[PDB]
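Just the one chain here, the form deposited without the RNA, laid out as structure tokens.
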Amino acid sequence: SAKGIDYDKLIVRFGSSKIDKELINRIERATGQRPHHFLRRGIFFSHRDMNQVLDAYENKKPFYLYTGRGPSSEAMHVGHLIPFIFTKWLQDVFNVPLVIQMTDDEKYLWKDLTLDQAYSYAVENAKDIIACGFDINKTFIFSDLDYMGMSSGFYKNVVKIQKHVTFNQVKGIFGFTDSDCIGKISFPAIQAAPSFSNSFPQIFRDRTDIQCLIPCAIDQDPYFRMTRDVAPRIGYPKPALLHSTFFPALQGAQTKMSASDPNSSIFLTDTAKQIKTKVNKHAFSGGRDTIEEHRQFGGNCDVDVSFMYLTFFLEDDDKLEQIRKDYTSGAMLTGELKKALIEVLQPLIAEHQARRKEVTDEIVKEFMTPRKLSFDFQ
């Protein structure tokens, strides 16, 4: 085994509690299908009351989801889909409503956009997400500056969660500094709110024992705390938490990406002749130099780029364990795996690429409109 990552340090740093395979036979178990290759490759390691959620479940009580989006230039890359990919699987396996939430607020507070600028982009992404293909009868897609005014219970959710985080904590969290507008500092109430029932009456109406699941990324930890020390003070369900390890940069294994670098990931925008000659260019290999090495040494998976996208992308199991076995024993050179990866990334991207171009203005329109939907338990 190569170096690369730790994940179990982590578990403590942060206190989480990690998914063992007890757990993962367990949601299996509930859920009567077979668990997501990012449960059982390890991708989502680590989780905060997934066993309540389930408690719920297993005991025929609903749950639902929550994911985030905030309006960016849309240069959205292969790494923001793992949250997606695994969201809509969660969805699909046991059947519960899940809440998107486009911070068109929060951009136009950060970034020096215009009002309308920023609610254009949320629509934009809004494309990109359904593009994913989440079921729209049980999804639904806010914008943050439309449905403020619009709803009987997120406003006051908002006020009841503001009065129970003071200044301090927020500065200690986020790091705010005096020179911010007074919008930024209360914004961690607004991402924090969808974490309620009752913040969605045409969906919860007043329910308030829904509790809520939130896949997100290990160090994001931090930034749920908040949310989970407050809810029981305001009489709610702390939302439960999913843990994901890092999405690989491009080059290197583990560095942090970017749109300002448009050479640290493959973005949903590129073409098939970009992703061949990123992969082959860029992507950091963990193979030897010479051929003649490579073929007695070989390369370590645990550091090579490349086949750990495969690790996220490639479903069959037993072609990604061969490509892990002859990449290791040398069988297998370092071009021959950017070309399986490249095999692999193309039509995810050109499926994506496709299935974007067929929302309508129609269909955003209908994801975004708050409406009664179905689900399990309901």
Given for the second form:
2 protein chains.
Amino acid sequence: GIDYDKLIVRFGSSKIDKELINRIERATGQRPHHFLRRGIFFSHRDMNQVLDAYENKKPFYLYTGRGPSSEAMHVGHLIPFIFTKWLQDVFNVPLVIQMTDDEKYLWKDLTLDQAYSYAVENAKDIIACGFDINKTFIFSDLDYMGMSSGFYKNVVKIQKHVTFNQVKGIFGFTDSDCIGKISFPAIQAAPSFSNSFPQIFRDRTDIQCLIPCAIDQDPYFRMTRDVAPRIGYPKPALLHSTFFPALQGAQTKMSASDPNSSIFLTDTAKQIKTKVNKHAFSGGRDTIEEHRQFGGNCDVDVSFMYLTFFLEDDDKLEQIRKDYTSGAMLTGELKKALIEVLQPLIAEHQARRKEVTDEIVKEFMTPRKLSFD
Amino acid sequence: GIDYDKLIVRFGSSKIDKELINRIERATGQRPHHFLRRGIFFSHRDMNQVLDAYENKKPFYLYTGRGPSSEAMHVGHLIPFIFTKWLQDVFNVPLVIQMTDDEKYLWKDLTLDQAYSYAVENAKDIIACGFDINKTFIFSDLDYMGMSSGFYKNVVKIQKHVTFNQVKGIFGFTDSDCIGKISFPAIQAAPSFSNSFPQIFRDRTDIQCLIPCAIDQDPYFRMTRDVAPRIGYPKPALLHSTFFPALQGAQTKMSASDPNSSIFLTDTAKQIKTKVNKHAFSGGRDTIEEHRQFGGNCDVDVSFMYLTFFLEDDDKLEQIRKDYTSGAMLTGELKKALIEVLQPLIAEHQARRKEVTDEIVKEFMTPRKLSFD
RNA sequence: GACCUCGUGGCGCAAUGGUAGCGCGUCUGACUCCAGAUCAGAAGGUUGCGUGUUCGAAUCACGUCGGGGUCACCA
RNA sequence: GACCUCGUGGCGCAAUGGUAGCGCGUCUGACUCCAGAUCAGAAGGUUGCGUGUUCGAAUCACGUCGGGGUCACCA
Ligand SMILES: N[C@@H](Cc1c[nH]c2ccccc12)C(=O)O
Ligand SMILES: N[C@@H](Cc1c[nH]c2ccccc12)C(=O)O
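Starting from the form deposited without the RNA shown above, please give the structure in the form solved in complex with the RNA.
To see the whole picture, the full complex is given below, headed by that same chain.
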């Protein structure tokens, strides 16, 4: 697989150890999410400060985002939201969700309308995760920028403090890139500062922000944490997640363009079954006999990784890990287990997504005061 | 002085000749402004198309701007506004005025509040020029960006179509510059496209824009005219003005930082007199005798240039030019003439500026439908 | 996060025993119808801060703030 | 505005008489508990457009659209 620990050291973040997980527990009076228990969210930045502040009755809000690449969203896009939804319940803090429709516009061969529409469409799947209408504000960059008295002002503050060389270094842009991409980083940094949401944080500028996200988003936030001090703001705390494995393997890349690259949120029970059996990479031995003797390799087995993300029952997961690893369970039954887990899951999502009306999306996307300001 | 014709050829613009001036006359049933008659506004881009459209009952709006460097504005900052105010009367079109408070923020050692305040303050002097409350919208970038459904969208369209190398070339930025300056050009291009003012141009995207401005602003608009086609919009037409001379000479640079660099809009009758006599560069001969024989040089004489901008009476101006040039009038009386012209002028401005209430500024700066949409 | 580099008289820049210079400026007097050139002089908060090392420090160390640059192509 | 450069099979790239290649992919069959490696083959809108120059053109000229680059430091 990939060296997450070496990644941690490389970037400079911190490993989420037991003391931290226990702290989260002690701080929420609730069992830490399996993503934490199982290592899915393994890295962090300043989480203890978040915890210290929280335990000391000081506010903090969650900030996470989504790049509306298309109307197609797969099971892997949900991880950070599934986690953030949990975080919101467990800490009871307000949440801000950024739809970078303007980023996709700058990057994909998309039109502002398509981009925006994708933002709005994805918002349905995000909302379907169960976020609290009263304490979460989903917003598209294209919309919010033009209707906020604090957001642009921060983008500008942030931009006066980030040179091209910096982004060139952090993101690897080039003089050949459009000035849109060159400065986009500030747009993603901006929601890390509460006064970008005047209508919800009462012009306050010191509310602690916690950004749960996939490890590959860290560069934006390392840059953010870097300008924050320079512009009189606190730096956002982070909770990093690992990469969701593509069906072809942890190494390989997945995308809404290749349908057999992952289980998409629209897939049917049948497609769920087909995709796993016909595409989930395996760690199981070639012949059913070699497997029995050597046991399967759960480290590279995409189906087990999947279960690791969605089989909530700790004990059940272990049975599988144990029997698969020993050879007692052939990768065929493993994949069979993953399908009985995914089918009811994707179904449920499609269900609650449908219950998301236009007025509900409209609300979520409307800037307003939020329950716990 | 400076080679404006060579500038015209360099840039690629067009010289405003008699046929054009006469066209403007024939098109407005009114005598073309002295800035046109005397060469102050000497260059243009597509003015005939503006005229063709206008004469053919097709709409066009004016767009001009101001960089709120400070609360201090001198007589030279007024030229493009004095002209634009005339253009508005004479063509009866709506006008849009951009206060680039975010540009000064990025460039000067200013704070967002100072920047914004300067924008609002300058708006008073601009408004004092007599623009029509019903057909002109003065706006600060810092404000409008956060309260417009079309402006940011265009900045983004414009940014996806302008590479760093381009601006590097056009403005000479460097990898060392902040991403804020790198992409600022799009912000100044954006008001060249009517749909940036949805609340006034009814989401229309083909209304002809005419940008009166100082020749040194052309680079922004050459870049604009360049992306316009690529993003399905018409390119802005231009009317270029020459540089207002600094008191130390046409060559030398002037700035709100050096008070004796020009006559400021707040100056007193006495200061007007003092500054001219004690600082206006001259083209008059050394000794009062050499002057009589050789006559003065009106080409480099800052005081005459001044009269050229503010002595509206064509005949009177000629008398001065004639007598000064022959030696009949010593530069002392010339400067005396310029002072009797400037004093009542600056006074009048200070007068009508005072009549500009906060509610009047507030109105001008409020995005709304405009008389002639 | 780490490291590197710079941080000056109003701005742009200079490694002690004589006169620490003005690119550029400001200011006063003279000459000129005026402005400028010129000539004659005058003035301006010196070292980002905080400790410390030496007989002495802007020139050294530590810490700190700020500008800039830099770290397994890429979000 | 001018000039330069590129523009391909789903993407990344190649200057005719034999077999226009696959970096990479897609797809079918076989073998495997499944996925992958492997083996065996199948398919995909070829030249951004529009004219034109030659017996023939993706390889030339003109025009055009689009990506990129470039022109008296600087708005
Ligand atoms: N760029 C992210 C979107 C995003 C914007 N802001 C964020 C903050 C946290 C995590 C992700 C985001 C994506 O492509 O999905
Ligand atoms: N940059 C210009 C301000 C400006 C913005 N948009 C404009 C359009 C036309 C002329 C000037 C402007 C200045 O410094 O004064």
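Think of the rigid core as the biggest set of C-alphas that the two forms share within 1.5 Å after superposition. Positions refer to the first chain, counted from 1.
Core aligned, which of 173, 136, 272, 234 has the Cα that shifts 2 angstroms or more between these two forms?
Spelled out, the residue whose C-alpha shifts by 2 Å or more is 173.
Against the rigid core, is the Cα displacement of residue 184 between these two forms at least 2 Å?
Yes; residue 184 is a residue whose C-alpha shifts (by 2 Å or more) between these two forms when the cores are overlaid.
Look at residue 77 and decide if its Cα position differs by 2 Å or more between these two forms after superposing on the rigid core.
For residue 77, whose C-alpha is compared between these two forms after core superposition, the shift is less than 2 Å.
Take the rigid core as the frame of reference and indicate whether the C-alpha of residue 282 shifts by 2 Å or more between these two forms.
After core superposition, the displacement of the residue 282 C-alpha between these two forms stays below 2 Å, so no.
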